[PDB]
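K.L.:
Each chain is listed here by its residues.
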Amino acid sequence: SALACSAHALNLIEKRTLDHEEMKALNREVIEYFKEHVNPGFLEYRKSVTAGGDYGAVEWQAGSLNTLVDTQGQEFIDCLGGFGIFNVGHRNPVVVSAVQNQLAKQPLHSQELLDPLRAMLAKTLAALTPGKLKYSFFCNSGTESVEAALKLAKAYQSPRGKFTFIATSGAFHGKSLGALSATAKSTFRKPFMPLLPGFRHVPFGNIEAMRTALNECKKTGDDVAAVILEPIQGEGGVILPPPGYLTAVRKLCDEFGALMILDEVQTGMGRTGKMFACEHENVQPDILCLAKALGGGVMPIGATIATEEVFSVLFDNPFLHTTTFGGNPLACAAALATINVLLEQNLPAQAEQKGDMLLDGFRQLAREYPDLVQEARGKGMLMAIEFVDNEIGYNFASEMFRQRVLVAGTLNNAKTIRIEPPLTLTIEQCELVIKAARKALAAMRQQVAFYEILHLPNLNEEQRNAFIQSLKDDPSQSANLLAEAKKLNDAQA
Amino acid sequence: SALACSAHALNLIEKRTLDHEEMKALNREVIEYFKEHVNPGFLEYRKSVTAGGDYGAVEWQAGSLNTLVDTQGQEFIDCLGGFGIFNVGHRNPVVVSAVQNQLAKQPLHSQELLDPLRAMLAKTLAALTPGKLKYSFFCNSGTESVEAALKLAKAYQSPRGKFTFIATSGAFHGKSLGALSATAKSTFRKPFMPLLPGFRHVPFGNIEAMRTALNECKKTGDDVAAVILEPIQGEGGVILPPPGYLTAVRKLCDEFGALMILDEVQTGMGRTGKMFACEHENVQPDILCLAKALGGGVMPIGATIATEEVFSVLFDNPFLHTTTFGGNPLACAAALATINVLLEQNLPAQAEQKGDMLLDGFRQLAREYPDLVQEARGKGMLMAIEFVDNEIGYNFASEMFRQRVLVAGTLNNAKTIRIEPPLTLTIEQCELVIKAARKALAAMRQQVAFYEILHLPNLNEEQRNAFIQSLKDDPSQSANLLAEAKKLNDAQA
Amino acid sequence: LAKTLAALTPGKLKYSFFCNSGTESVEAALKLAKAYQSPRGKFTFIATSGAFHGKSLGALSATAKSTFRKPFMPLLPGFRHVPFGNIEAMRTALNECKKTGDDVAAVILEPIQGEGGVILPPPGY
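Protein chains in written order, with the entry's author numbering: chain A, 9 to 501; chain A', 9 to 501; chain A'', 129 to 253. A prime marks a further copy of an entry chain.
Next up, chain A with everything else stripped away, as it sits in the complex:
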């Protein structure tokens, strides 16, 4: 019965530790259900099952601020941070109690009485945001964030006869039909077409291009309502735009009277060094999208902050754009807690020193294995290593998973991996990571070399065997023996 299934899951919430067969039990239901009620695919493409072991790595509870412990007790260092969620770490004590307090009083609002925390957050965000960004709208996610932004721009610009929206190729903005009209990857968009009419993509980091789009549209009577872009393409592979770009986009917008929308969903809340990435070039957008880390990894939340000139649209009919759960008290709680922590222990500043020590650490590794890595890149605690193959990439992401270091990448989309550990990552865990990636890079180089030695056609078995022998006895020579085998295979060529 559903009554049955509810209770069994209800008692498991209460349980805090597990007998080894209580574990086995669990992991087998959880795989069983994932296959029959969730998606069977996540069992196919995820690194938690491929490299799971005998059992998958089913989540259990948070370890420290930076660690995660599965149902077997294995503790993982999070260098994923839920793709930019866990900026203040897992269960940050300051956020968890702000939530638990608010939970004692009133978790959600009535929707009729002026709820106080939504004012306080709207206020704080006004304070925290650059230039004339004043009004906040509150939703539940990063996609609802962008949607409302699109709606604001729309309601603003359509009376002025402007309907077209420029977005950028490689841009991600959300999976809901409205945001998916601005999101750019082929794969994500094609099945659900036709999407919103009038969304046109230009290359990212290309101001010369965006002028031509804004101008062509002008000429043909399809004038641009708004331009929407991320400060850094996060999912897009940690693409950094050319210095001056965001500033130059900002003028270009101002020149053509087009609203500028900044999707700071993955670069907001101090990840890139500054509280908002658009502060590195000190650029003020007309609209700013926030989410993910705004909810301190405790709560889900999305905020849309805009200038007064733009948010005015909603003033005369405030019900034009509502949401049911948006701005609920205990989500509010969470953010104010997160906003407080970020300014107190001043973690944007931490983001920049840990963010360069790490990244440098990776582009060093990247010089030492140019045969497995094209490049590493990032800005503050948002960074990514680009491998040569998805084969290799998924092999890196997977290898370290076993070294109990949790990074990105799935079975297929894995050519470039992303490193996004909490901003609260210690200097001790910082090395432990670059160390783990060095071991990982060694072992892969071993395997890569290993095959290389085998299809050497001119090389005979007698010689090949000598190399394979010294390879296993000395994996350090994986590069030397290789060169010696290739040099030998060419000798008999």
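Check the hints yourself; a few may be wrong.
Label-pair distances were calculated between CB atoms; the ranges are [what the hints assert, rightly or not]:
1. A':201 <-> A:33: 40 to 48 Å
2. A:491 <-> A':330: 38 to 46 Å
3. A':205 <-> A:317: 26 to 34 Å
4. A:81 <-> A':320: 32 to 40 Å
5. A':208 <-> A:317: 31 to 39 Å
6. A':208 <-> A:419: 36 to 44 Å
7. A':205 <-> A'':159: 35 to 43 Å
Stretch-level coverage of chain A by chain A'', calculated; a stretch enters the list once three of its residues show a Cβ under 8 Å from a Cβ in chain A'' [to be verified]:
8. 200 to 213
9. 216 to 224
Hints were generated in silico from the structure; no laboratory data involved. Virtual Cβ for every residue (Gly too), placed ideally from N, Cα, C.
Dock chains A' and A'' against the given chain A, drawing on the hints supplied.
P.N.:
Here is chains A' and A'' on its own, set in the frame of chain A:
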């Protein structure tokens, strides 16, 4: 500073009671901020400020399961239930601890490791849902619910060459651009047009119409992908469709190979008498949208449950439709708690007896004041009273607000008011409500009559004064004195 | 005529369709491209700014002047304009569309923009 504003709001979370000037202080910031950072409009159109009093009615904390207490200590009976959110009441002790437990372990997931509660919920929902509905997708709201539904239908039906979507006039489904393409009110849609191409509306409760839409589209090569409707139009004014309709829609769909999407966002989780409204006619949709009350008024959540045949689309590329926060552990917690409570204290069954005692109670009041009410209507604990004017309606919703009974309606959209108290409303509070609405209906009838006596043109001041005199001395004669004044005004006519 | 035109036209141009005007000309062209390319999953059409191709709703979707188009919008979905004589631009349009899953059905242009003011494109264009 933002650091400053964060802390002040942070300490207020900690505070549990307020000195009367600590109150005054609060309510004035909260109004001040709402005007300068949230919306000034909500101060114009909401009943919390118009009828606020000297101060507005700023929320503070939950009272009992059915009561809410503002910053002045005034306790309100919730006959709104957050528009169908608070189905198991405010802070239902069983939900709050399931949440607080899960909060001690891990609030959000890593997105790499198989999270156990999302299996358990996916499982339970499979159990709880009629027919072949098997797979659940998890999002954050009611709008994200429908969006994914639209996306499932799309990804299913577009390979089969079907792109058009029929929705119904009066339908509400969400404010995000995708759902807003199916949502039907003019007001909500117009500013943001052009929306998704290929959405066509037909009248609700009209099977004769929907045949013609499905057939016309067939003829013209624009074959219907899916039909989407609510079992009852909730926001649409508690519109009940003709018996047999939902069943007859279900065949019509099956006949034209069109997917049937049921928006049980506001009629789900036991409000109408059954766990899902589509069980009264025992109809199984291809897709089912859930939200609101699924989160036990503690958490925000949305679920999209579908048949295997349909959810298969996502199997081969499970990342086609993801969301960042969807299915997070502590939202999961909340639902399983809510699902458990609803089956335990068997509250759908409570919904039907309280839902008829109330509603009958209103259509009685409705016979006694036919000059202020056209009709009352509902199905289980979803019900609404329809007045004659928005003037009158906002006057009812507002009047009772002061009688500390919290109902729907805003300053303008208020012709029909909705009654949606928690399913945990006691029989004692049940009368207290019908009583409060009787007082309210009296006082309005007084005022209505009062003006009626004044523009009686043939009536002189001397006579008019006698009526006004007895009116104030005996408001019960408001009907009698009126008839006597009108009869007198006609005597001098 | 179908024969003669086959003779008169360069390369593998073989079949002629006959209509009544210059606008009906382009419309059918758009229709041919469409019926050809939509089974192959290609729906977008690149045209050029300054281009004139016709005043009927289909051709007017490819015609480019603001004045001529605005009152009758919304026109055919999926028509995007690039500057004329700019091969560097048209690559980016064809490529951006590729990336976003909106692959280009056909590109339509005049050899010289006539009404467009006798615009001559760069040699090689």
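K.L.:
Next step is simple, just say for each hint if it's right about the structure.
P.N.:
Going through the hints against the structure:
A hinted range of 40 to 48 Å is violated for the C-beta pair residue 201 (chain A') and residue 33 (chain A), which are about 54 Å apart. Under the hint 38 to 46 Å, the C-beta atoms of residue 491 (chain A) and residue 330 (chain A'), about 44 Å apart, fit the expected range. In this structure, residue 205 (chain A') and residue 317 (chain A) meet the distance hint of 26 to 34 Å, their C-beta atoms being roughly 31 Å apart. At roughly 36 Å, the beta-carbon separation of residue 81 (chain A) and residue 320 (chain A') lies within the given 32 to 40 Å, and the hint holds.
Remark: the range hint 31 to 39 Å for residue 208 (chain A') to residue 317 (chain A) is upheld by a beta-carbon distance near 36 Å. Our hint of 36 to 44 Å for residue 208 (chain A') and residue 419 (chain A) holds, since their Cβ atoms are close to 40 Å apart. The hinted range of 35 to 43 Å is not satisfied by residue 205 (chain A') and residue 159 (chain A''), whose Cβ atoms lie roughly 20 Å apart. Given as covered by chain A'', the stretch 200 to 213 of chain A passes the check, having 7 residues with a CB less than 8 Å from a CB of that chain where 3 are the minimum.
Three residues within the 8 Å Cβ limit are the bar, and the stretch 216 to 224 of chain A against chain A'' gives 3, so the coverage statement holds.
Going through the hint list in order, the structure does not satisfy hints 1, 7.
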